[PDB]
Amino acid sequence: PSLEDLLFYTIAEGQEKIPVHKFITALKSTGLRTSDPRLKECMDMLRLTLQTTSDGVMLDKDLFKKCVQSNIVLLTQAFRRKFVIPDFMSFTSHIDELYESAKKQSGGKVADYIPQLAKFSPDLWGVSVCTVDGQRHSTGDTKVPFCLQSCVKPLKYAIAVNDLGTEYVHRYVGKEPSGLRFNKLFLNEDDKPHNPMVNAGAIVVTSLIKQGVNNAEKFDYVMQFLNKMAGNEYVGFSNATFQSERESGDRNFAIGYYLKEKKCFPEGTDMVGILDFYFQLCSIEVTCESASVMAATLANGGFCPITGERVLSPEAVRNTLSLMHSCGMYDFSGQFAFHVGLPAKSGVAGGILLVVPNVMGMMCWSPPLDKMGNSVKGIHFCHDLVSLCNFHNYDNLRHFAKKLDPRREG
């Protein structure tokens, strides 16, 4: 027997003749994109053999094999419906329905406390799925860059725990939701910020990453770390957003001075520089598609699903997912934990970094915020998503009433 032949005869019409477009169409049907990095050798070989002629354009058993052999394990998985969502084409059809149902929710207000945020049309709206196996789907304005803003707080927290461990990091920042009556003050009883997802805790977390090197290096390191997380999809930087976040961060300066007086930073911290580094991190740019891969790294235990690279240690990913469960949607965190039951993080640009652990990462993005600061359409989509599929964290994987389970072929 032979692994590449057995797959060949499957894609074949039971015949000696596989058009190349047919193989590409059959591959996309699994949800993988031809640009998938773990498929490069195969796609390289297809480019080679499609240069060989122009009156081709078709693969023998051994020429087909000549392309796929380097990537055969991944390709057989895709075609033998081994992926976490076997019938992904039906799943994207539901994601499209949900997208159009949230698209009709044109409420909310675009953040206008800085020009870069207020310029954004209230009509932009995108949703991008990337499963733990790299299957990709997008509806809407998914390639438009926007700033992460607070959506960066879990990513940097995970960096910090990845490099330093849980015990050190939580010498400086708590582990618990603050919660709603006291969503205003800065420090819990132990004089630490309540958790990494509030501004004070985010600011403290910023002060732990790559201590010793300067802010130009530190930002470089976070970018490289973020690139690993997105499988080298789009990550960028809005200097405009940086400058206006910087020129109007009085509450952030208040927090930094308060944390300094309270001795909240590690020894040898330059607080005013950390605020600058914090403003930079908030201005990092992503798209729906590329942020969805970062979310899929978190859904996948710290392995980037479209490169296979270990990016975050599993301690880091669990801690971060834990804190996004209870602290990730501002004052809506408890409501969201209760009704959506998914680790998520929103940001003022309108992003919601959403994680279905073991299944998929998602990024939703619609600039109009509700009065708690969360994207209206993003919040609506998250609710529908879990009304549809047994993705709620305490849904039962066996008895789940009439919710749909996309992990099953039935």
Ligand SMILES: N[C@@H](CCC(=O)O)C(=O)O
Given for the second form:
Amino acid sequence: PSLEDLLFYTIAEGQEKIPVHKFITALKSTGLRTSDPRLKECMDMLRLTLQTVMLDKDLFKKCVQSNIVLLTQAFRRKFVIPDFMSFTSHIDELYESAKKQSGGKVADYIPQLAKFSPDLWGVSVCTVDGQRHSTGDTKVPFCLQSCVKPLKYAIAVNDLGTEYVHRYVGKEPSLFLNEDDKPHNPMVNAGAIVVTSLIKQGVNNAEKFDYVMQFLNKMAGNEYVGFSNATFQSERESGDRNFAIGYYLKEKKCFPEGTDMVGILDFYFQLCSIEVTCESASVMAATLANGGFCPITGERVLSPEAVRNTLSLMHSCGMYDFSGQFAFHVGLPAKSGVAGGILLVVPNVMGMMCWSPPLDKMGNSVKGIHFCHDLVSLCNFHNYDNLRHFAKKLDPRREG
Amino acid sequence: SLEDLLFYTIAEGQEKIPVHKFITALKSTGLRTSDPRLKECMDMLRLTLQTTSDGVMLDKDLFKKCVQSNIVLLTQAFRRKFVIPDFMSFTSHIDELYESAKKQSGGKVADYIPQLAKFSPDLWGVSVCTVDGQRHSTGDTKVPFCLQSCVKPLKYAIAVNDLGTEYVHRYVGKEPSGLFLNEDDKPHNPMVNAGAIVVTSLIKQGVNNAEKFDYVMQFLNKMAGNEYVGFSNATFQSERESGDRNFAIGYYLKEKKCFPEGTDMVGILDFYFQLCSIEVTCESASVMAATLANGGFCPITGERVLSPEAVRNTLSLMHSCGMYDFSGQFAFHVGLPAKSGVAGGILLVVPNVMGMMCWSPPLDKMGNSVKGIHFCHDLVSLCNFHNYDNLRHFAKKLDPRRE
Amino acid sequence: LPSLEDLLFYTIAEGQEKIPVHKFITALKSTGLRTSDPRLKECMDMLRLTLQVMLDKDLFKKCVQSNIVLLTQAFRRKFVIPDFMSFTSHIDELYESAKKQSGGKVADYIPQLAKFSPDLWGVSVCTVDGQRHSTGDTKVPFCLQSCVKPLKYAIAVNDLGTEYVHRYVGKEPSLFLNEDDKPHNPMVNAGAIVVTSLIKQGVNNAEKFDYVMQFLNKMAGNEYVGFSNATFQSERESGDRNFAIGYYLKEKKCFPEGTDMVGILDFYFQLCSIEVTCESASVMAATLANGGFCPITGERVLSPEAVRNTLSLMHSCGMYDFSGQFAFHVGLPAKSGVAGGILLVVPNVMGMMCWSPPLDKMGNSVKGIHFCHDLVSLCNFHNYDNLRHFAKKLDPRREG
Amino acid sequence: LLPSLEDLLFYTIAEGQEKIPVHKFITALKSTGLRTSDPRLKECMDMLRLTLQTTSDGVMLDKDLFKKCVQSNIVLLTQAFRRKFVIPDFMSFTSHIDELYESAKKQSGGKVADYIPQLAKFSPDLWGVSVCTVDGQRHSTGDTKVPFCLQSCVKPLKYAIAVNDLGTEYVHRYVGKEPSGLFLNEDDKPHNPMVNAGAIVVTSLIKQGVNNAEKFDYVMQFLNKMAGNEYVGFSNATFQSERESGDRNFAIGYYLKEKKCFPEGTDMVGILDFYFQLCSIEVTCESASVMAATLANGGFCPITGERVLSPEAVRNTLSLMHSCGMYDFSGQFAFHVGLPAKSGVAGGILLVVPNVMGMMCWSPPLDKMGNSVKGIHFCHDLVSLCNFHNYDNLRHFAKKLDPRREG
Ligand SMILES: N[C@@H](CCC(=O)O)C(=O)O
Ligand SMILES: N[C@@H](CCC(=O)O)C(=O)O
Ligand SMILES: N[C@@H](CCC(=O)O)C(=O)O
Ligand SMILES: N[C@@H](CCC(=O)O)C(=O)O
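May I ask for the structure of the form solved in complex with this ligand now, the form solved without this ligand having been displayed?
All chains and molecules follow, beginning with the one already shown.
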């Protein structure tokens, strides 16, 4: 009748004792990792009883009681994708298939970007329940670049609301400005720079940057977030483009009262030069997918308003000149950047990061784009893809 | 024993369910008794009402005979397995919203042709059709009016059905625009007039206008589950008198070679004005919308009408280009695929949930119905049908699916 | 006191007591006048009479007295170019030099245009004093096409004033419309179509076309003007472009009240189909050069307001997309046509028609353009050349 | 050959009198429209000063005395006196200028530029007009001796210098020759030197490889010559204010730098500095009119006789003033006035009538196109009065007056 007992019997298979490796394996095949923040108590307990292999009903109950709800959900098959092994097999195929696509040029406008190999290709999945999978180069760091644009937009809306933010920037797809003399949307450079000015006003750059990093940490569930000073230096050295825009926004009175624009550009470049991995960035995406809750910590990180707005803008303006085409064919909110990241959200299902340095003339990762098309081909995930009556296509949220 | 199970749950330990009781129970699911799918059942009840010894009473074997043919659907309806289980509560909310948008007396009625100018400003209707056929209506929901540009996604859908994404999008774009053309010399997308005219040319090539029109009308009949779909000659004549704009567009498309080989552009414009002049009611156009929300299956007839590719493409374009120059703002704030029309229609799809139509004739400075727009804003604020609302977490929205 | 006829006799005589006719005819020709000049008709009629060979003072005086003023001007070297023989030698060189330029393509959108040989090339000059010269294929009818646009604009302004005309059409360089929903300028097709609707309102098409033809006669001092029905028929069959514009103009209410726009388009295609030689069109251009007086009849044809406005719009909008470049390097008011016409005006000096059928990709005659640039290199005709100081440039107005 | 040029002139002035009184000669000379202080006349005026000291007959020149005074300058003096200048009846023409000036005076519209304090300081009521003929005949009315900044009035001048020194072909690699119709044209060149973006590129072309101080001096000397050594100067105060608040131009500079619009090895921020210095150069109506008259005279300066700009330079500059010279009123202006003209935000309009004269019009209130209201009114009136329009006919002008015509 006890929860721990019920779970014990199901895992036990009628034996009297569960070998520790039998439970770990079973757990792993739900897609959870053993380093999941929410499973810390259980793993700490296992570490304890290991200092003294076989777990009886009472010893097991002692290890798992703190995390029984989550563990049951996993073992009952209540996660958003129940057959995660099958799903990861499919992800592996899509990865392999995109790997073959050798087209594209690596971004060479600064050394740091130009230094990355064309053969680097990673894909990471984090489910809204925290199920995690990776193939390829998922642990290498690289800079978010423009991929940071939704995240800081999220932050601004989180902190200030829709109304205040949208006083300063628009919300529709397109250096030039909209009808009302706002930049068109936070997904372009002009709008991003305006969004940059909004965040934590009245404290210095160092402080502001620390705030954004803490927030990024929560979104990633305390996985890898870093900073590239080198990238930062080269960006500031060579951003005549963004200097143009700043002076223009200044002239046109685009910033909030008492903005030091040159200082905001400096912040803006530091923001571009933040580093993630596939793995960490997928958690961030999963946060967006999960409604502002981090799927691995369980923390509320972003308001429902922040997340909805962000996904809306990722939809229509997220992939530079390919936005509209991407919305039509792929139908997922996403954002890319010049180091080859695409950050992809499949609302209520998962967050994804894809990384490959060579880009197409639109500015997007070749393999990343190829991968996203393939995903949507295979899976009902398109925004306007019916839940009942897909045509020929898989639904991973259905047992099979 | 499926029929037996349902009998015990309806009876409430009694031994004879009185007919009116079953009907009332059935209704509050949201189905209407006139549902195509429920026909065998209703026919049997009528039969036994005649032949019966009792006033009106059905014992187990009698109930079984009436419901057996339609048991699957009746079990879903009664086990609360439909998309919106607490339909009564949902319709109460719809009614509050309707009332609240009623007060919004703003706008002007289109007057560029007499037929449009005739409509009273105080006409206001809303109708709902679920992907399970649960129906509801408030206001002026049985009044015919013309689809106008509401017909644009419907005919686009037909074209993609018959021809495929690839063929169709040779001749027309798939992105919200910047009357002119895109960098590839295609009209920007089917939702604008230039691209609608091109889509019109794609449909049922090589047969006369009369045949083409019948083809489209039949298709519309199926989408609407054979509810009202009509023609307005009066509207049509007036459209063709005064479409110098569309004549402009046609001649420009002809110059730039945007039509298929052997298109007669003037005849195509005629077909176009006819398409615009098609009449619906709120009630029947909600079923049309629900076909689009139900993946191409008509939720009342259960009939496959449009391919999944067609339906998906049409919703993508209603998302981004459906509300003229308000499109962007609508996509952001409402987040629902929708098409507006100059008569005051707003065709609304909430994918996997329901279809609606909304009618009031005063329009704002953009082409769109004031009460419709206000209703849609209100609906989203209430209920978490926003495309990028979370299913599992939402602020204090309401989830009609959940209970 | 001593007669004017007497004076001219002795100058031509050269102390010989009698002048033969042929000598006077040759003398007259070398001023650049033609013996068929309208203003010299009395004198030619007299010669025809008495020529039923040698002319004494008294006989001469009888022949020339009626036209003594114009003859004394010619002979006493008071015409705009005085060494006209030298000038024509230079025209001939320029004509040859532009000859060799065989580039370009002949327009082919209607059969009638596509027929013309690429090797046709004519250049006609008419001076404001009526001095004429020609090289090449100068007596071959072709259609003015858009070369008719300045002419009919001239007619409209003549008849209606600047203020009326410009209510309907704009006055600046660029189916779309200016800020105020007027077409940009009478030189583009949209504006030309509006200018067409302005002329002789309240009468049927046949009457309007007769009126325009009469006006064109006067402008050309009764030299060749004709109509190509064939051109007209083809134009009308295939002007989907102009049907587009007309419907658009109708929608935007660009025409005066009670215009039948379809009939206006009809007239518009008739105007485009009007036929000139180089010779006749050069006179037309000289009318514009000479302030609205026809230099060969001395008749006032257009008002100074008509002519000024027309030259202004020629300057800036006369050569399609090439216009700007043309104004800058050539600096002469000119209108080009799809048939290879370039109508060229050198204010206060002369009119020209250049014709060759191959066009460049701006739609302008290759050789016409090559010849126009050459003319300006040679002579201080450019609009912003200085009359007093100019570098190596020749100036035919001066005697040398 | 028999009677001598100086002698002939003597009889024409003297009028059968054996002697010409000085004041008579001076008065006659002035009414040609020359100023006694004309550079070309300096020998004559020096001699008169001499003889006015060295003589018995206080004020009276005989034949021999007159000859000694005028002999050095006799050509230009015969031109003046024998009515061979471009406007022969200058005194009638100035009467006409006066009436137009008075009429423009009455126009009280406009707003004074306030984007910097130095501009905003100028009184609305200031209004001047200066005329300089291509023969050096001068006239002024109104506030002609007050200084003000050229602002964008400097743009054709520095363009002229660039083309003089480098040629059409070099210059137009970096800049367009057509009205725009901020943005770049099809070829990623600014549209034309008359817009700010194009002006900033023109600025970079001039005296490359030297420091700003040298460059500035080089432009100044050039301006001095165009003005016949009349006032040109500088407002450091204006310059400081420009550089503090030119976010617009910094925006442009950064954009031009990104799109590689400058010559190889350009320091763009230093270029901007030099640009603002140019905008801050000062003239008066009188001095700037001589500048304009240079341009109306195929690049010689009418008062010095000195060749200043190449013919090519001047022509190109007049072409661009025609089509792009009056911001967004350029097309209307070209149609209605038909003169090459440049305006500036201080209220200047620099106006050229080819082959006839140069003008400078100044009043500080601007209309919402940014041009001096009184300037614009004056220019329209000038055209309506006389046959100066571009495409006005020299022989047939319906009712209009022609200054060149002996009348
Ligand atoms: N660092 C670039 C953005 C690179 C990107 O688009 O990813 C910028 O700030 O403009
Ligand atoms: N038939 C109308 C449709 C108007 C509308 O619904 O926007 C047209 O083409 O203008
Ligand atoms: N008739 C042609 C233009 C002829 C020309 O360009 O000269 C048209 O209206 O399009
Ligand atoms: N200071 C302004 C120029 C003023 C003017 O237009 O005259 C600028 O450099 O843009």
